[PDB]
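Since the structure of chain A is provided, determine the placement of chain B with the ligands on it from the hints.
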Amino acid sequence: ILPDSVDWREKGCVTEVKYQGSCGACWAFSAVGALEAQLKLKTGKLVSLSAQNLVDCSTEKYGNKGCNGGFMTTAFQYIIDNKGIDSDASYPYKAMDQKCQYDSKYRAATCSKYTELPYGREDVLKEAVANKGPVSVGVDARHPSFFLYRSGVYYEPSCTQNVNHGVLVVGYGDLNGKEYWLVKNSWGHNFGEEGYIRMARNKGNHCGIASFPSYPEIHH
Amino acid sequence: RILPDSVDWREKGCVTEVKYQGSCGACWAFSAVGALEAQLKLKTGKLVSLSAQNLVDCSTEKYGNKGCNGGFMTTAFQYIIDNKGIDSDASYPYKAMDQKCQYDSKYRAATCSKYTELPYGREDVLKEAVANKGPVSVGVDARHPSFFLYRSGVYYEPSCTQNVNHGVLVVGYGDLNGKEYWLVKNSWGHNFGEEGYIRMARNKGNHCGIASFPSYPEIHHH
Ligand SMILES: CNC(=O)CCS(=O)(=O)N1CCN(c2ccc3nncn3n2)CC1
Ligand SMILES: CNC(=O)CCS(=O)(=O)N1CCN(c2ccc3nncn3n2)CC1
Numbered sequence: 008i009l010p011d012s013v014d015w016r017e018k019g020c021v022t023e024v025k026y027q028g029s030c031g032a033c034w035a036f037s038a039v040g041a042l043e044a045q046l047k048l049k050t051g052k053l054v055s056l057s058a059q060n061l062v063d064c065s066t067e068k069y070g071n072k073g074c075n076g077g078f079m080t081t082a083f084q085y086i087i088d089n090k091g092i093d094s095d096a097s098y099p100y101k102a103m104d105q106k107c108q109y110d111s112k113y114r115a116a117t118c119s120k121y122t123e124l125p126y127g128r129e130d131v132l133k134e135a136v137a138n139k140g141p142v143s144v145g146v147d148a149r150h151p152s153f154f155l156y157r158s159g160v161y162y163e164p165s166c167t168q169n170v171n172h173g174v175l176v177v178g179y180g181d182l183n184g185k186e187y188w189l190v191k192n193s194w195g196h197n198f199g200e201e202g203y204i205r206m207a208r209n210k211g212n213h214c215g216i217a218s219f220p221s222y223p224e225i226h227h
Numbered sequence: 765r766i767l768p769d770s771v772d773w774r775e776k777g778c779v780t781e782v783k784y785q786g787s788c789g790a791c792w793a794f795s796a797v798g799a800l801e802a803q804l805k806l807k808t809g810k811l812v813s814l815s816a817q818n819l820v821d822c823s824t825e826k827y828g829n830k831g832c833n834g835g836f837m838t839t840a841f842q843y844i845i846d847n848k849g850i851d852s853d854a855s856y857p858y859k860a861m862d863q864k865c866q867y868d869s870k871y872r873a874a875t876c877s878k879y880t881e882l883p884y885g886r887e888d889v890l891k892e893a894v895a896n897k898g899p900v901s902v903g904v905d906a907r908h909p910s911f912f913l914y915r916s917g918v919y920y921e922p923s924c925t926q927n928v929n930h931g932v933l934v935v936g937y938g939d940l941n942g943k944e945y946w947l948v949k950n951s952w953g954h955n956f957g958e959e960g961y962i963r964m965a966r967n968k969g970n971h972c973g974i975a976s977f978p979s980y981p982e983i984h985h986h
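These protein sequence lines are chains A and B, in that order.
Numbers in the numbering used here are just positions in the first sequence, counted from 1, shifted up by 7.
Numbers in the numbering used here are just positions in the second sequence, counted from 1, shifted up by 764.
Hints may contain errors.
Said to hold, decoys possible - A partial selection of chain B residues facing chain A, derived with a Cβ cut-off under 8 Å: (1) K826; (2) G834; (3) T838; (4) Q842; (5) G885; (6) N927.
Stated by the list, open to error - Over the 12 Å line for every Cβ pair with chain A, so calculated as not near, a few chain B residues: (7) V782; (8) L806; (9) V812; (10) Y827; (11) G828; (12) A840; (13) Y843; (14) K848; (15) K878; (16) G903; (17) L913; (18) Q926; (19) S976.
Keep in mind that the hints were calculated from the coordinates and are not lab data.
By construction, the Cβ of each residue, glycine as well, lies at the ideal position given by its N, Cα and C atoms.
The following block holds chain A by itself, in its conformation from the complex:
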């Protein structure tokens, strides 16, 4: 039986909200956010990981275009193949495409594998969030309502399953019986609920939130 509500912030597995700026690196923030929780579960250390390392190094060979978009799964595969990702501290975020400056001397995390959840299954996503950790997802954020969101459970009638924005599901619950996904965004601490959006849950895969979920894992 799954818990009615989950929040990975209460378990000390979620870093401060970041600000992607004018660089379309949401995919990179989504991927490091998921791995940050698994690093905390593995080492007891909460460490922001380097989104810039993914933008600069997980490039053409991973089907990624840095500030012009990419994939959380191919980010995870890069971390696998690369045998690490640097700390945000050692490889900070500049909101630009740069030459790969990865250095193994600044490795903060590894990744052994990743798992893609089945298309559109909100019950499978609930299990994964309860049982495994925060989950990288794509949502359709290409509606003005997403940008103007301030508080409560987000529902956009024009929302589609054509997802274009990488974010991190860090929990779920209900607001007076209105069910939501708790979503960490990468638009800084002033966006929505101090960087978070509660997106309608069990509403026919609303904005494609359960379209393409994935989570990484660390060996041991």
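For chain B with the ligands alone, kept in the frame of chain A given last:
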């Protein structure tokens, strides 16, 4: 590692005739039914072309697909799961255009119980899956002039990228004159390449993104 050096699923009667998608970007749909066709043959002993048009018309907005304007092999598989079936090509023929969903369970020729996405860019994992499970849905970069003009041998395009735009089916692998290849069934009719097939470079750094996004469906016992 421990796989056969060559595979060709046409030797097992698991591959249908090459199809012609025409002026409709339904390669995703052809890729998906092609993979499921092999699994249907392995399960029931019968080779039956399945309805790419059924996917175009029915596996739509909900599945992140745009019919003649592109889609995904995985969300196609998910549609066949959710729908509990896919009609035969014969009952629901291909028109190279977007139509209203006309799926009818009276003409169901296959089901799907699950699908599997392979890890990004791992040609050894793709080899195992092709040997051990059957044909595999993949995306390739088919944007380069050289691809349209391919006639024979092993295709290697230095300008190829991992930006894939075209859904096709890996039906085998091997080596020709000291070049390792993937055997790829295309959906541009039998005038294209080797009666509708292209041999694409294998173990050449994930050439044209062939191993970028592989997937295969399965059919369970009940
Ligand atoms: C600039 N914006 C971005 O970089 C965001 C990209 S995203 O989060 O919107 N999303 C990532 C995952 N993706 C798929 C697609 C098919 C699939 N089949 N299996 C997995 N996937 N993943 C779709 C796009
Ligand atoms: C008109 N053209 C088409 O319809 C062809 C589309 S495709 O075959 O080129 N290809 C399908 C698989 N797709 C992904 C992407 C991300 C991902 N992450 N995980 C799995 N995927 N799969 C990429 C696109």
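### Task
Taking the shortest Cβ-to-Cβ distance between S976(B) and chain A, state whether it exceeds 12 Å.
6 Å, violated
### Message
For the restraint on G834(B), tell me whether the closest CB of chain A is nearer than 8 Å.
### Response
11 Å, violated
#### Entry: Given as non-interface: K848(B), which should sit over 12 Å from chain A by C-beta
At roughly 15 Å from the nearest Cβ of chain A, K848(B) sits farther out than 12 Å, so the non-interface label holds.
#### Entry: Interface exclusion of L806(B) relative to chain A, criterion Cβ beyond 12 Å
22 Å, holds
### Message
So, as I understand it, the hint says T838(B) touches chain A; can you test that by seeing if any CB pair is closer than 8 Å?
### Response
Status holds, d = 6 Å.
### Task
Tell me if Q842(B) is really an interface residue toward chain A, meaning its C-beta lies closer than 8 Å to one of theirs.
Holds - the Cβ of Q842(B) comes within 8 Å of chain A, reaching about 4 Å at its closest.
### Message
Using the nearest Cβ pair, does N927(B) come within less than 8 Å of chain A?
### Response
Check passed: Cβ of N927(B) comes within 6 Å of chain A, closer than 8 Å.
#### Entry: Check on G828(B) being off the interface with chain A, judged by Cβ distance over 12 Å
5 Å, violated
### Task
Confirm or reject the statement that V812(B) sits farther than 12 Å, beta carbon to beta carbon, from all of chain A.
25 Å, holds
### Query
Regarding the assertion that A840(B) does not contact chain A, is the least Cβ-Cβ distance greater than 12 Å?
10 Å, violated
#### Entry: Separation of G903(B) from chain A, once the least beta-carbon distance is taken, above 12 Å
Violated, because the least Cβ-Cβ distance between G903(B) and chain A comes to about 9 Å, which does not exceed 12 Å.
### Task
Tell me if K826(B) is really an interface residue toward chain A, meaning its C-beta lies closer than 8 Å to one of theirs.
6 Å, holds
Violated hints, in rising order: 2, 10, 11, 12, 13, 15, 16, 18, 19; the structure is consistent with all others.
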